[PDB]
Amino acid sequence: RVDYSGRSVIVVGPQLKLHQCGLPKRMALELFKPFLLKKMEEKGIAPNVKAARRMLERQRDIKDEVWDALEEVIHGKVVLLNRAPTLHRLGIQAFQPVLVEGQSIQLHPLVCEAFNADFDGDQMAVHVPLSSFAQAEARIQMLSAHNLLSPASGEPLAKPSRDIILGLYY
Amino acid sequence: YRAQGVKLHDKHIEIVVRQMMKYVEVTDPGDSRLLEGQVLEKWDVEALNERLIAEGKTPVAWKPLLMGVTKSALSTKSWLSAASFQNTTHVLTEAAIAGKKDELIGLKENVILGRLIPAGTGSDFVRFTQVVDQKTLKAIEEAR
Amino acid sequence: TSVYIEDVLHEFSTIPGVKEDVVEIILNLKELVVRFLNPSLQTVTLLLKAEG
Amino acid sequence: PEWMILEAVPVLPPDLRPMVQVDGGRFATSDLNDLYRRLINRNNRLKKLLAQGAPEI
Amino acid sequence: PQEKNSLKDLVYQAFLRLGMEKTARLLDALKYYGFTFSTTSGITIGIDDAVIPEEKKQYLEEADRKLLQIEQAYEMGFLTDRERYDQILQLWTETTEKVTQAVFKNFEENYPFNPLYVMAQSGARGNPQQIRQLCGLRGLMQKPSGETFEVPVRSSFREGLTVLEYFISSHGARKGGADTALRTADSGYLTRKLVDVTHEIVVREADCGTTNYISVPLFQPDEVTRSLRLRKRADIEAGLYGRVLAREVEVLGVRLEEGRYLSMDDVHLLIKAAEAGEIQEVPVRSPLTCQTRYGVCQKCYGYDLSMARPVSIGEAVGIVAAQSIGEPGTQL
Amino acid sequence: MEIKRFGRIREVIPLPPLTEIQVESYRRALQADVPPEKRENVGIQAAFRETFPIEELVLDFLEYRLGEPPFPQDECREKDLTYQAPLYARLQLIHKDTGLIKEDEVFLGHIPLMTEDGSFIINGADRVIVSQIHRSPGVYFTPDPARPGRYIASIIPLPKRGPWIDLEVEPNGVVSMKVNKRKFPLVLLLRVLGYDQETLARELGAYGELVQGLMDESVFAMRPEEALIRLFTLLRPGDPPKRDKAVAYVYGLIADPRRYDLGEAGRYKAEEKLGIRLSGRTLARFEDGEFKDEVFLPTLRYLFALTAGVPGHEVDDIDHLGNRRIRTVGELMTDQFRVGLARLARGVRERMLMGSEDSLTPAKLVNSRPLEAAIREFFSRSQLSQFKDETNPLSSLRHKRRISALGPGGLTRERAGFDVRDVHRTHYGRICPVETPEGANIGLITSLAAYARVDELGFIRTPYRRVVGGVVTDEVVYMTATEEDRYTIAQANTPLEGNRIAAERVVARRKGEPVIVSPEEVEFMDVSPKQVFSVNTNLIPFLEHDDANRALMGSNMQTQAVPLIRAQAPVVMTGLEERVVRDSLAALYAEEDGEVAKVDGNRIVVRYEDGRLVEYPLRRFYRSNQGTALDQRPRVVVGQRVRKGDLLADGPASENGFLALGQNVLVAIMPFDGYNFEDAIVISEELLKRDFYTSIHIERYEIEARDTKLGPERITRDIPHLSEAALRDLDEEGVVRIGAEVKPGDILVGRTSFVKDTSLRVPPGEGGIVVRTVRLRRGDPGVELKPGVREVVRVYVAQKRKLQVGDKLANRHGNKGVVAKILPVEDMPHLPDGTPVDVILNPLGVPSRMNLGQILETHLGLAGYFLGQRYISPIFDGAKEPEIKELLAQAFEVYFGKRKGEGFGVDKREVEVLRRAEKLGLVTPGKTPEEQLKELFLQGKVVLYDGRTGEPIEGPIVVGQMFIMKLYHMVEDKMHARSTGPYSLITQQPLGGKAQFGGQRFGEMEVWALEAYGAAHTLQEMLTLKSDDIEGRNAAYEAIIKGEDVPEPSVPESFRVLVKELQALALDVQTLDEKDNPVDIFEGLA
Amino acid sequence: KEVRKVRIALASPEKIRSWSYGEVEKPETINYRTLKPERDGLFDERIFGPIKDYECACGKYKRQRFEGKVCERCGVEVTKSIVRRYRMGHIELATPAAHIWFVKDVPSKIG
Amino acid sequence: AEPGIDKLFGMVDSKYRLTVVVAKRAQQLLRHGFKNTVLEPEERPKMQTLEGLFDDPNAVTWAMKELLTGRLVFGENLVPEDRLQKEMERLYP
Ligand SMILES: [Mg+2]
Ligand SMILES: [Zn+2]
Ligand SMILES: [Zn+2]
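Those protein sequence lines, which keep their order, are chains A, B, C, D, E, F, G and H. For what it's worth, the deposited numbering labels the leading residue of the first sequence as 622, then goes sequentially. For what it's worth, the deposited numbering labels the leading residue of the second sequence as 1356, then goes sequentially. For what it's worth, the deposited numbering labels the leading residue of the third sequence as 54, then goes sequentially. For what it's worth, the deposited numbering labels the leading residue of the fourth sequence as 509, then goes sequentially. For what it's worth, the deposited numbering labels the leading residue of the fifth sequence as 905, then goes sequentially. Numbering-wise, the sixth sequence is residues 1 to 56, 64 to 761, 785 to 1116 according to the deposited numbering. For what it's worth, the deposited numbering labels the leading residue of the seventh sequence as 3, then goes sequentially. For what it's worth, the deposited numbering labels the leading residue of the eighth sequence as 2, then goes sequentially.
Since the hints were derived computationally from the structure, they do not count as laboratory data.
One-sided and incomplete, this derived list gives chain F residues near chain D with beta-carbon spacing under 10 Å:
#1 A712
#2 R713
#3 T715
#4 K716
#5 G718
#6 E720
#7 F761
#8 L1015
#9 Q1018
#10 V1087
#11 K1090
#12 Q1093
#13 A1094
#14 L1095
#15 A1096
Some chain H residues judged to face chain B by a derived CB distance under 8 Å, without partners named:
#16 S15
#17 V39
#18 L73
#19 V74
#20 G76
#21 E77
#22 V80
#23 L85
#24 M89
#25 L92
We put the beta carbon where it would ideally sit given N, CA and C, even for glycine.
With the rest of the complex left out, here is chain A:
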């Protein structure tokens, strides 16, 4: 079981691009908590690490500056979203975190077929590649938009799914 991770009920996020996905502010916070402490060290929010975690200690401790720092650190970073059970290589895919209201993972509608994920109560684990090496290969070969074709068949596993085909066909 992994440390730097998360999970929640998944929700379709139409607004977010393929290289990104919607993370709950709670989830986005806890996932990148140390990252948040670092960027808050960079900005004028918290003195040091201890005071930074103490600034993230309770629920009302949250503030505009803090969420802004989060938005700053997840900018250019990605999270490895994964659906249960993992059946193939695209069973996990990287997405640039995008803060979203609520407490549920906002997943891209396209990768659903690739995740074999349906929004009927499905829960997806999420992870963060801490190392810039790990972070790199995440947003290079594990990025959803970088694995458009299925490694199994060569067929696009990121093709327009149900609702999209409906609209376009209409």
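Given the coordinates of chain A, work out where chains B, C, D, E, F, G and H with the ligands should sit on it, guided by the hints.
This is chains B, C, D, E, F, G and H with the ligands only, laid out in the frame that chain A set:
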């Protein structure tokens, strides 16, 4: 797979069936370390043969052997992979009675470890690369 | 926006001699339409004492 | 082949056998601690029996 | 119009021509616009939207009279018991097919933008069978054993099923549920063993320099045909797409270099060359023919399908394989 | 709020007490109220009668009594107690030599009583024992899979109450008998039973040449004694064939009722099938020193009959519900009780040998703990006894009717293929063919059908109406499956004038297969189309328009349907909803006609015609086993008239005495910007405004203290290193003050040991409002703690979780949905009158699943929205399309009538939608916009305007109230994110935390995923730095904190550790390079 | 630096004692009054290494200024505490005992 | 997707070589604090804050754009690791 509408590339299946067609039995031990009935990989018996036949020794009459996926995965040189399946006592035992040069050549072989798996990044061909700029390479060129 | 009932510690409590629980009471209170005559006024605390 | 019989039994590191205090002072030790414990309980009782020179049986 | 297949090959050809990033932005554009137009479209399922063809009624007349005559053929006894039940099965299979065909025909003829029809036709959601069960008569349902019930659920989902019809429905329904849920735990049953045998195979060499190649036959002698027939369209692709040639291949007056990675276009012109009969087999590098002790060279494997370029040397092709083969195990 | 009744078919009898399958059964087992003189030989009494008298000193049985429960159900749930009754038994002991008679009543511990609602309370946990499916006792013949033309006999007793005896006929023709995996000529055992060759040859001789195959001259040359000896040699080789011990083996194997107990129902099966009778529940008996058979001869007789093909004989379907018993709660209870009593008998056998032979009483002998331990084991740690689905009253109601194939004395998971899982033809009216739990373990947990009930025999019986000629009769015969296959039973769908059938042709069901018959050919009739399914499935409207799979999921989701603060009874229901609440005993009713003197939220006191004053304490927000709050809200005004069997106060998930698992909301079925994608559900913030879908959930937290030598633990407010502001919501006792609002991190209960703090704070996942706290100190009045526990303090923290983004919504028709984006009232599709849609549903979720029940329910939700009336649409016996269109016509006239009355013409946007629809061909072309909208509304569709665009949604969409309900699978319980997490002590992987969460299982499949990706750095980091590794995780946290993007795992911790582990077993595991240079992987240090 | 292969093989008593850094001559472990290890126990720092990073038992040397140094007072090397997951011990046997694997694993290697 | 990921995959013989190059370059960029960048001031990846535009904190993006410029040279055994590190650290603290 076609029957169920599933179309996956023949490549992958070729990979697995290759990994099943890798071991061969021995008809005649010859001048080798092997003996009649011993199970080892095709490439290794070919290397052993080409080493013995270029030495002046009688090669191994290898009999092509096909074993199942789990039977191929059970009789592997990777005694880590094998001692991660069942009766690891036996695997480690039979592998320790003979000083076994277990190359870290497998992903399962190396996950137990923790090192960069010989895959993608962790591949030796790719892992060992360097990045530089002209402002650095000029200074490099100066002292060298 | 707020409700305090005497001898009621939380929303999920229920008041003796009262049919509706504090939950349903608050539910009914959400339907309360309060007109502020004065635009500058932004808060009013209405009281209510009833028995029998 | 003589190496199969070991006249010296290696002991695994302490941390890999964490005799540690869990909830409510409950020391939840690994089974290996008690295993080596019994092994010495027989070993020293064998060396001391060699010193004593206890009867064969 | 744009359906699942058209958009599929669209994203694919965009991916191999325009590139990854432009294809991703393409994907999000198709998403945003397709969505805004999905809510603009006002596609909606109504009971009246689930249009029942008059052809269904007609077909029930025809199926009934024919099955009655069949029972007369059982009274005469030219058939056996199994062949009576098979004249029932044969009847209801083609009955369900004719009813379905009637459903979609009646749709595209009278209701082209019918929600059910546009969903099924686009490949958005549904398939011929499900729309058939919805609109036309529900297909024949199975007995507890292997046999199928003589009486099908002829009542549509729009009219409503009879109680007993719902029971005999629940038979095959619970069977299907028992089949789809049994593989949930076995989802990694294959993939495990496969990994156990394919964990040690990756792309180590850019080219093992093996002269050896496999020759995938573009022609398979289909058992039912007993002739050198051109094999299935998808089979050639899955057996040739993204693959290096050990021998140069000259087809359609076009040169495929010795050591060239084949594309889907290349495979397509190879198939067109096969229809004209230019080559029966293709001399192509394969993992089977690689000399690497624990792995496959870049040439022997071929294209990396995930990014539609030559396989990145070092790729866990073996685990990619184990997962590619183990993933659809649930669907099997 | 008025109700419109649909369906012409009348339920000739009301549903049975839906809990009686458990209630009547367990009461049949107990017979507490029944005096010892009139207690039937069933259940507890049956076990006493089977076990006693112990024939060594003769310990006999006189009677037994069941005392009143030490505590009420409330206090039992309150203090981790079993709602049990003190079991007593008056026994008499008679010295066979002296003739003296001693008698005494022995306290045999306690026996878990069953509540009025059919459930139990074991260790304070509401637990229901699901009835078990198993191959009924008796005799069953089944075709030999290896030998076609022959049949295998099989005598099967009660589970664990004897071996399976199989009478198999070989190609030679000799009769064989298989017991304990041993085969031997039955001839022998027959001779053992004092049978002449003559008796066999005369009893069987008319059946064929096989009887000659029975004949064995060596067996018949020796008297029954020697044949018995020979048999004992055959079954126990090596064991000396001494006469008495051999007789003891045969007797114990067959003639002894204590060792071999064939079921009473199995006795009825043997009796009815073979056409004979049993003196007792034994295959044979021991009389006057010789064996006398009871079962073998008739079984072999029917066997040779079936082999020869004698008419009146049939082969047995082992999955026939007339051949497959339902071990109900009472039977299972008294079976583990029977085993317990057997161990009492053996224990006594060990007692009578020790001490004074003369000085003995029915006390000194009795050892009650094998019994108590048996019962307690069966109620606590059995698979048939599970946590009561208290999510909603219906969930419990079905968990009671839930029937499992698993459990002790039944089937395993591998002993059950499709053969057992597949619905048999006899489940009709007896078992819901739809209520099987989805996913794994499917087909095994078939729930009981609605009108179905279990007899004394354990066979499911369904009610039918015997008919006379063409005329049907009000007479209701309850039939087992075995009887049903002998008659013709017409459907309830057929048109009936009063009684009499008026149909020339009638759809009927005969012995499983559907046949069209004449009225005179009709014999019986389905009581109602509701009898076929469980209660859950029966609550689903328009089920005949729903797919069996999706209605399986709907019926199953009914179990996890969550009660809400404004839980509204469905706009479209089946009429079974009204029965549910009173049968679930969720809502309290009136016991007599009278006036309600006192009306209160806590209690409702009523004055009856008797003049008696009856107080009803309302269960207010009691924490369910599944989390949802069980509350009871009054519905009768203060001082008003009430009749007998009338509602006094609503139950959980109930409105006006109906079942309200959720709230019907104005649903518009359309895609919305992809927000409703793949079953996702868009929702108006208007629903959150009026607090629709607001689930009250109570989580149970607890702290238990133990005593250590450095210092024990105590529940106190005095908690070290913590501010008073942090203890703001804690009272003096350390308990969180009732009414406080706690958050993740806040303290609930104090506890200190060695002084450092080890108190449990509010878990990171759940937090909210406290409604009730329970303080259980050591040795409190009627409180039982675990050994070593100094005190148990249990806080019940509630909260009203609204419908946030992600929560699992679903209708009754299997539309599992997830809250997409709670769009405000503005940017949501809305009616031309201005009415904003409550819920946007993805239409895609309808075709593939083939469940039009949601569509129809929407179409009626419309009419019910504009006519202000809810509808009762019985399953199958529900309103078809035409009546719905008529309803939609009247409701249309209400809808457009206001606009027409005010002086409003048709909207240009409306006419535009009518243009797009005329192009679509939904509405008729050429007619006036009012008539166009008329026909359009008939289609259950309305002109809807996109609130964000304003432009009318081209192509009209279906709208209408749908009884969507919130499910137990809500988000806040599932959300689970974490930077780091306190690592387990047994393994340095992260598991849980006081302020943080618990680690995320990175399964081997995900490992393969990262492998395939070639993300070796990500994988290395994942398994080591992000988990198993400590020395690298410190570097991870520290470097990421300092902003260093390169956490360094130069050497794998798992590898060096592995190397050392391998070395520990004296196996050298040297690491070498290509040069074979020993590369120190420990980087020195070794 | 690049571990290309890993060789498993049988270990002679010499190699067995090679990785060992002290003979566990006591069945003793952590007591209640003191959380420190007992005399030459399974957790003794004189055999397996220091509980704390770069700090001996008694506490004469407490920093990285000393590394590889063995304290003359308690007999503990001043290295990283993490070595207590690595450093090995040994148990000298009066009578040499056969490894139960090679004995009971089928087929019996010794046999 | 990532900007110029196509050209990036084209520059390398292996997508994973792109991975290691971008990664190691990002490690250099963070160890040196972006002062060793080959990106011109105008080519610096920007980010929108409540204050205004700031430099992109993520080193991976920086490395990928730097690689898109082609001003970076990648290959096996370009320079001994010790001398490389010491030179890059000599130019930048
Ligand atoms: Mg799902
Ligand atoms: Zn190759
Ligand atoms: Zn010291």
